[PDB]
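Removed from the display is one protein chain of the complex; every other protein chain stays in position.
Chain naming follows the written order as A, B, C, D, E, F, G, H and I, and within any one chain the residues start at number 1.
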Amino acid sequence: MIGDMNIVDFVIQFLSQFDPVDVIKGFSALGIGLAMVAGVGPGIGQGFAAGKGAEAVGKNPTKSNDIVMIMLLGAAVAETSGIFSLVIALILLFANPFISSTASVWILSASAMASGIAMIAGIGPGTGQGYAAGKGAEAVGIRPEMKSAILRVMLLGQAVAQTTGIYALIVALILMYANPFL
Amino acid sequence: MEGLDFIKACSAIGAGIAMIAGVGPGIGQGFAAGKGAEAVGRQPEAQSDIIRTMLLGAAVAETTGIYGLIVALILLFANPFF
Amino acid sequence: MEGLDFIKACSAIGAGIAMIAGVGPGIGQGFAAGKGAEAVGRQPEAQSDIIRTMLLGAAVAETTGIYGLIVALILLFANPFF
Amino acid sequence: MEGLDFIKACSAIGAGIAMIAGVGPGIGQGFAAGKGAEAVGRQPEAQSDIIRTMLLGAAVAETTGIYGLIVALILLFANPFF
Amino acid sequence: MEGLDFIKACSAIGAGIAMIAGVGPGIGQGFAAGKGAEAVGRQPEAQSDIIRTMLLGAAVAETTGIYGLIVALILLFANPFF
Amino acid sequence: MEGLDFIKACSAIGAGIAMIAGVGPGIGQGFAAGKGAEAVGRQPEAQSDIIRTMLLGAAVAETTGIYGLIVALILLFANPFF
Amino acid sequence: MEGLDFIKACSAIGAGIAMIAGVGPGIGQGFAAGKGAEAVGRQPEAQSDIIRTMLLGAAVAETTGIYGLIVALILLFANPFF
Amino acid sequence: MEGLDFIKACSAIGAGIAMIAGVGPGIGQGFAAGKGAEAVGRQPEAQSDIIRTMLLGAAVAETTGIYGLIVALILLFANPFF
Amino acid sequence: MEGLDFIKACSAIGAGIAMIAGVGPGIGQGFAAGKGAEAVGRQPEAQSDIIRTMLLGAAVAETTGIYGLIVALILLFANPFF
Partner (left out) sequence: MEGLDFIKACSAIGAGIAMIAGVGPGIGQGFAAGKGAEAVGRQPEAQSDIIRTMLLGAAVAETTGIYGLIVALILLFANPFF
């Protein structure tokens, strides 16, 4: 307890003294940093693809073009979760839909932060899709005549792996542009 | 600074946190995708069975992503706290 | 700060946190899906056995996802605190 | 607010956090499921042995998931704090 | 709301956090389960030694889950702070 | 009111956090159990040396789990702040 | 005590959180370094091709690390909130 | 409250957080235990060289666990802030 | 001027958070070290190339740890917020 007010009432009073927009901006900054945590995923996954690509080229150097092609295509797919988070952060930085709002400061602030929190889901697809890229590169190095079939199955599976990244992006966009709480 | 607004604010956060469940299927299904590609490459003749097994297994891996989404959507559009 | 409101608000948050449990089965069952796809490609004639085993094991892997969902549904629709 | 409403609210938070433990068995048992499916496809005649081992080990992996649920249930329905 | 209420409140949260420890044995024991099932498929005649070794190792891996449980239970029913 | 009970409340929180360390040995020792089981199946006649090596290595992996438990015990029963 | 101070404080913390993104490339590129070292050992005559491929892939894996840094630097040195 | 008591409370929290470092050595040394046990099973008369190498590498892996312990012990028993 | 202390306090927290980036290179470079040691055992004649490749890749995996360090050092010794 802080003096007499419980810590919750203390924190609310503390936050209450500021113009609402400053509070909203502050929580946006947090939302912004949190969104970027998604970048862990493509880093792990694309690095895996890099390793499998290096291994495959070592085994079959005359096929480096096909190996590298699928490594890069698959890695491009893995990048999307990272791009999405970057977009959300950039929106919260430079086109913030909460700051110029009439509604409750608590709701706008929480929503700003919540938008970034949701984007953390992007770790999953980035990691998984990058793993898939590396296996694609590996398989193509072993059997380049199957590169088309390997690419398609890799892309199908990568698409399935994307959905929870999309669900999260959808929740953030709802908080930002179709908020039921306002 | 009504209690109602504080319920709604924490509902936003709860909803956002529910989406972190999505990390799991992303990784797991990625693994499934990579094994599918590896397997189709090795035995193109079995690709129909391989792809069907990968998708079936991937559907199962999806459920806890859906459970998180459902909780988020409940907090957003069918909140029981108000 | 009305006590009822603070209880409800924190219930929303804890409900979201409980769903983080869902990360686990998503990873594990996706691994299961991948191994299943790999085994079917290797031995198509055994795919009935492979899939039954994959599914049985994935079902066991689902339970802690369900436990998380249950706690969230309790907080939402059968809250013992009010 | 009354001291017990605050305790209740955090109890809801503490309950949700307890369920994070469930991430563990989800991953681990999923791995067991994948290895089980792989071994069955390799040697279907030994599937009785493979599956029994898989389940016994998975049963062990379940416990810390149960431990978390118990703490959650204690906070929800048998709370020592009020 | 007394300071004692705040202690109980944070004990409820500390207890939940303690259970996060449970993630580890869940993963590791699941891995042990998978390797055990793999080894059994490869050599069913050796399953008694394989299983005993698996359960011995898993028992060890269980301890830090118990440590977390012990800390939670202390916070819940033998709290040194009140 | 303030001060002493705030330290005790945060100590409860610190103690729980300290147990998160337990995640590590749970994973690592479960991996060791799996490799040990696998090796025993492969070379039953070497199982004594296999188990010995596994347990020695597991013992070492336990330490930071214990360092964590120690810090929690200090916060609970030998707290230097009060 | 100004609202400006609250913005800056949150920006300081948010900049720090953004750098957590850097965990990913550190793991992934370390994996690439390991596979490249292994590949060169097996096939030293392909060393130039193996390394160029490793570095191209590692360059791609770097980007989300750079995105995090850029966001941190914006929050520090070109903050749009003030 | 007195600022000194706020310093002590946060130090308790910081002490617990520092122990999270222990997750790493638990995982890594567990891996080494597993590889050591595997290698001993395969090459019984190389056992001493295997174990020595495993222990040497484990000792190195221990260090960041110790660094965390030291920071926590500083916070607990040799705190510079008061 | 109280607000400047608030900024300073949060910068200290932000600086620590930035160092979490260091988890990544620790894991990745340890993998490279293992693969390098394994490759050297397999083909000792190639060790200078193996190691050179291992270190080159390790240098790349280092960058995001350094980015974290830099954000920490900015918040500590060249802080633009005060």
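Please note the rule applied: contacts are C-beta pairs under 8 Å (C-beta built on N, C-alpha and C of every residue); 3 or more make two chains touch, one makes a residue touch a chain.
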Given F:22, F:26 or F:28, the one touching the chain that is not displayed: F:28
In chain H, positions touching the absent partner: 1-4, 6-7, 9-11, 13-18, 20-36, 38-40, 42-43, 46, 49-51, 53-54, 56-58, 60-65, 67-68, 71-72, 74-75, 79-82
In chain I, positions touching the absent partner: 1-2, 4-6, 8-17, 19-38, 40-42, 44, 47, 50-51, 54-55, 58, 62, 65, 68-69, 72, 76-77
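Heads up, the rule we're going with is that only the chains that are shown with their structure count from here on.
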Where chain D and chain H are represented by their mean Cα positions, the distance between them in whole Å: 26
Separation of mean Cα positions, chain I and chain A [Å, integer]: 22
Residues of chain I touching at least two other chains: 23-24, 26, 28, 30, 64
Touching two or more other chains - residue numbers and ranges from chain A: 1-3, 6, 8, 12, 40-41, 43, 45, 47, 123-124, 126-128, 130, 164
